[PDB]
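Colleague: Listed below are the residues making up each chain.
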Amino acid sequence: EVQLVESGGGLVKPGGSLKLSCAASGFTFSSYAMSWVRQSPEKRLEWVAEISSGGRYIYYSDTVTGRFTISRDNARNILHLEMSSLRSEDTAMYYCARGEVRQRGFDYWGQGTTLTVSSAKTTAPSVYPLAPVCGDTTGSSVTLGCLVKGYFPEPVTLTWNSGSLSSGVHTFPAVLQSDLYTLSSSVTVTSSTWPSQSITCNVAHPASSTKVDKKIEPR
Amino acid sequence: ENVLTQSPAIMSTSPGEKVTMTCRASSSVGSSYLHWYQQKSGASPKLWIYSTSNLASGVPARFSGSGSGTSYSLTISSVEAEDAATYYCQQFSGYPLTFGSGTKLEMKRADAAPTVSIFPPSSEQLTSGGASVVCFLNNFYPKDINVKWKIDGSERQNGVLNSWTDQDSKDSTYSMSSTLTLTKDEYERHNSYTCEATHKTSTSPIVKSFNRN
Amino acid sequence: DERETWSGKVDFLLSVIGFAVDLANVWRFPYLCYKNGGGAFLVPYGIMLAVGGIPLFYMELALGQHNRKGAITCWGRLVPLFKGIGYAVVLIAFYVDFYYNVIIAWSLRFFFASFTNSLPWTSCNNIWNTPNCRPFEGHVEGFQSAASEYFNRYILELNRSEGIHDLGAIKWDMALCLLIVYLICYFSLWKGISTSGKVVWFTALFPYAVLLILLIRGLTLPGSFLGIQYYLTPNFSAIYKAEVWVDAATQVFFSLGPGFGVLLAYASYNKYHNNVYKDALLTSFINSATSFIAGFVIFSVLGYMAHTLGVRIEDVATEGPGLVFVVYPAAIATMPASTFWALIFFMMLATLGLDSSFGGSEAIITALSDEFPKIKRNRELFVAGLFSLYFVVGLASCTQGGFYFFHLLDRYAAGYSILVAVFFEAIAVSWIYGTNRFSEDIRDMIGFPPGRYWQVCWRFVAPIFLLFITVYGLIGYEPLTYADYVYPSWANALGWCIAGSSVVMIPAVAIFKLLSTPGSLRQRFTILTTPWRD
Ligand SMILES: CC(C)CCC[C@@H](C)[C@H]1CC[C@H]2[C@@H]3CC=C4C[C@@H](OC(=O)CCC(=O)O)CC[C@]4(C)[C@H]3CC[C@]12C
Ligand SMILES: CC(C)CCC[C@@H](C)[C@H]1CC[C@H]2[C@@H]3CC=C4C[C@@H](O)CC[C@]4(C)[C@H]3CC[C@]12C
Ligand SMILES: OC[C@H]1O[C@H](O[C@H]2[C@H](O)[C@@H](O)[C@@H](O)O[C@@H]2CO)[C@H](O)[C@@H](O)[C@@H]1O
Ligand SMILES: *[C@@H]1O[C@H](CO)[C@@H](O)[C@H](O)[C@H]1NC(C)=O
Ligand SMILES: CN[C@@H](C)Cc1ccccc1
Ligand SMILES: [Cl-]
Ligand code: NA
Ligand code: NA
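Protein chains in written order, with the authors' numbering: chain H, 1 to 219; chain L, 1 to 213; chain A, 25 to 161, 203 to 599.
Honestly, the hints are just simulated from the structure, not real lab data. Every residue, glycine too, gets a C-beta built ideally from N, C-alpha and C. Errors might be hidden in some of the hints.
Said to hold, decoys possible - Selected chain H positions facing chain A (in silico; Cβ < 7 Å): (1) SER52; (2) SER53; (3) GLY55; (4) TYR57; (5) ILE58; (6) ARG102; (7) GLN103.
Take the sequences, apply the hints, and build the full model.
Modeller: The following block contains the structure:
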């Protein structure tokens with residue numbers, strides 16, 4: 001039925017500017033008011049700005065006031081957020097929501113679009129295999145690993161056998177250290193499953209145009 | 001600005017029990033202007049309770065809102081595993097609009113010892129000059145756990161990257177990834193490396209080492 | 025930024041409840057129920073009230089609070105082409121104060137004469153009585210009642226006047242009452258809603274105190290139930306009648322105060338985030354409820370006369386000043402402790418017109434104050450000059466032929482004038498200004514947009530509802546006549562000028578500043594069709 005899609009956003013240098021767009025469908029857009037709500041990496045929800053149904057009455061938070069401009073296109077049903085002189089504190093995932101009746105709160109939310117403000121340069125991740133020490137053998141089952149280290153910015157796409165294995169798989173969230181993200185993933189398969197078959201760790205890092213699959217051997 | 005504070009910050013509960021999370025505002029808020037949102041892990045927030053009482057469409061009757069003035073509360077009659085998420089209270093009473101600090105609801109279960117795995121630096125990494133050791137602690141409860149790195153005889157307190165998985169909706173356990181990064185030249189100067197984690201489950205730590213041999 | 029504000033909600037509510045509730049709630053509504061066949065009349069009444077009446081009442085209170093300024097500036101900042109509407113609305117209320125205040129004076133006059141025992145209107149034995157006088161109401206015109214001859218041959222002295230051309234001598238006891246009325250209105254609206262909001266605490270609340278007493282005192286009398294039958298006994302045969310739906314539509318519109326700029330003025334002093342939709346619904350209900358309650362008050366006494374006093378219900382059941390100044394007092398005189406019921410009754414009539422007159426004058430003052438800062442800074446002097454103009458011109462209605470002058474303004478002044486005014490108010494807001502644009506204004510104030518039900522009534526129902534009343538009003542038109550006297554054709558024309566004086570302002574101001582601005586339409590047109598966007 002009702003669907004909201006946030007588009008745009010990505011890495012931006014401090015002081016820079018960017019424009020976010022929200023595509024509204026499934027309802028009359030001119031009727032409902034819209035708002036931008038961002039959630040920081042610390043998971044703190046902060047209301048940014050609200051626009052009227054006709055785009056007349058506008059409200060901003062004291063944080064983004066004067067540095068942000070929220071627009072409205074009722075013809076194509078597109079919501080816009082114009083950012084300028086971006087700071088590091090402005091890094092979060094921005095949400096599109098309505099937003100019409102104050103007493104009903106926010107009806108629907110978009111999937112959100114991520115904005116990262118940093119001076120850090122974009123770098124491709126280095127994928128490393130995790131091969132068990134040799135060896136205690138087995139054992140009921142054996143765990144493998146894939147180390148993705150020194151990349152930026154987020155996100156990264158990590159699966160196993162092209163998403164074939166969803167079982168016994170733990171993908172740990174990235175941890176930013178000195179302007180670099182380090183990520184790792186563990187998969188647990190039976191002793192007869194490996195290395196009898198092929199267990200592959202494939203990582204995808206769109207920012208650097210890095211698509212790399214991998215094979216794990218106990219060499 | 002109207003500051004909404006929610007407590008407890010994190011909450012563990014066994015399925016079927018009754019949970020209550022509160023909300024407190026700097027200034028008095030209209031009872032019809034206070035709403036609650038449920039945000040599941042890796043998902044967008046969803047309207048849950050509005051006007052302090054009325055539930056939303058799709059929201060089970062187990063949820064109930066209450067409170068007024070500067071104090072509000074969200075209550076779940078009988079908690080279910082699918083009710084585990086972060087809950088945010090928010091007020092439309094006045095601008096700027098503000099969200100509560102949020103209350104993270106986690107499911108409580110039986111204690112389980114972590115399954116630990118240690119991996120040596122990958123040969124692909126050594127050629128780059130760096131050497132990083134990784135240790136996986138999988139499927140344990142509760143969340144808190146402590147990894148300790150030792151090269152040979154002595155412990156190394158720095159150069160460690162820890163990561164924790166969010167609580168899964170299946171076995172409701174946690175997991176940790178501890179990565180110790182070193183230079184290859186400084187890595188090849190020591191022939192032994194040990195990764196051990198002291199959990200609540202055992203009075204003595206689960207330990208696994210490896211040698212360059 | 026910025027504007028003076030209310031002393032808190034109860035002041036505003038009582039001002040609106042005060043303005044909305046008047047003698048029309050008493051001498052009119054109950055009569056219509058009787059004429060239209062009882063509680064069945066509530067059906068067309070309630071329907072005409074829901075679709076037509078409230079939405080118009082809601083509308084004015086909404087943009088009244090939203091734009092936060094008088095009728096003149098409000099429509100000037102809304103649809104500058106239609107700014108003339110604000111002018112029309114203001115001078116309509118200006119015409120009304122020339123006459124309507126007289127009713128309050130009559131109330132004070134009867135109040136002064138009711139101090140005594142053996143009330144003067146209870147006997148045909150007096151000096152002003154004709155041989156054709158009767159103890160109570203009848204059929205034949207040549208023979209009137211005792212309470213009727215007192216009002217006509219003593220108070221009004223309308224027998225001296227042969228028509229509107231002869232106003233006779235000025236009656237000073239009546240001029241004294243009118244002056245007393247204008248004084249009360251001056252020390253009320255003196256400092257504005259500061260004092261005004263406090264005074265309505267009495268004028269608005271007092272009538273309900275007396276209503277409760279007369280409601281009990283009425284139902285405590287023999288044949289009181291018989292009157293309630295003639296009042297509420299349903300005939301649903303009238304539901305199919307066209308005139309019934311017209312009377313219900315007419316009463317509902319005139320009972321509420323939309324289009325007078327009074328609601329617009331009162332609401333302009335509201336807090337921007339105050340909830341008007343709650344106030345509009347509340348105030349509306351209290352109004353109709355008061356009429357319904359008062360209905361029991363009148364017909365309980367009316368039925369009492371038919372039973373104990375031996376008079377036909379058709380004769381004693383009437384509308385307008387005749388009911389309150391003649392029929393009802395006649396019944397009170399027969400009851401034990403007559404002097405008490407008479408004193409509180411006439412005081413109720415005065416307090417019923419006072420808060421209604423407050424809003425009328427305030428609509429002029431507030432609309433002008435926002436338009437002209439000169440009379441904004443000088444207040445006490447302005448209202449003094451205004452009420453001075455009222456009193457002087459009002460002396461025409463204090464004459465012996467005063468009623469002939471009063472009845473002329475009653476029919477013509479606000480009757481056909483405001484219907485077209487409010488019709489343009491509805492068309493301007495819903496179409497020129499637009500509904501979607503207006504609905505958004507309310508959402509920013511009360512937090513939520515009006516239901517689509519309200520949007521439909523504003524854009525469609527109201528305009529048809531207004532023309533419905535206007536069309537039938539013109540088709541059922543007749544030359545002005547009172548009793549056996551027929552007004553000269555010049556008198557009729559003099560009233561159309563008064564009725565046209567207001568309405569003509571709309572197209573006039575539309576043309577005036579249409580020639581003032583440069584460019585060429587649509588360019589000149591679109592400038593006047595744009596609201597104030599800064
Ligand atoms: C004669 C005395 C004793 C009673 C007077 C009758 C009115 C007080 C009642 C009768 C019909 C009622 C109306 C019936 C229909 C509704 C529709 C309703 O519209 C909506 O609310 C739609 C959704 C929403 O916005 O809530 C608003 C009130 C209203 C006009 C009611 C207003 C109050 C009314 C006029
Ligand atoms: C029906 C007869 C017999 C009794 C009527 C009682 C009168 C006094 C009742 C009816 C409706 C009532 C009002 C309803 C609305 C308000 C708004 C509130 O903020 C102040 C009190 C006030 C103004 C009430 C005063 C008392 C009131 C006017
Ligand atoms: O009998 C009572 C009372 O009636 C009249 O009084 C008039 C008075 O004359 C007027 O000047 C004005 O004050 O209204 C009064 C109403 O009673 C008569 O004057 C006389 O009978 C007496 O005063
Ligand atoms: C009635 O009594 C009042 C008491 O105030 C008095 O003024 C009046 O003269 C009396 N009526 C007469 C004597 O006709
Ligand atoms: C409430 N009914 C109005 C006719 C009363 C009024 C009085 C003075 C001015 C305008 C209107
Ligand atoms: Cl009425
Ligand atoms: Na009325
Ligand atoms: Na009144």
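Colleague: Please flag the earlier hints that this structure goes against, numbers listed from lowest up.
Modeller: Hints 3, 5 contradicted; others consistent.
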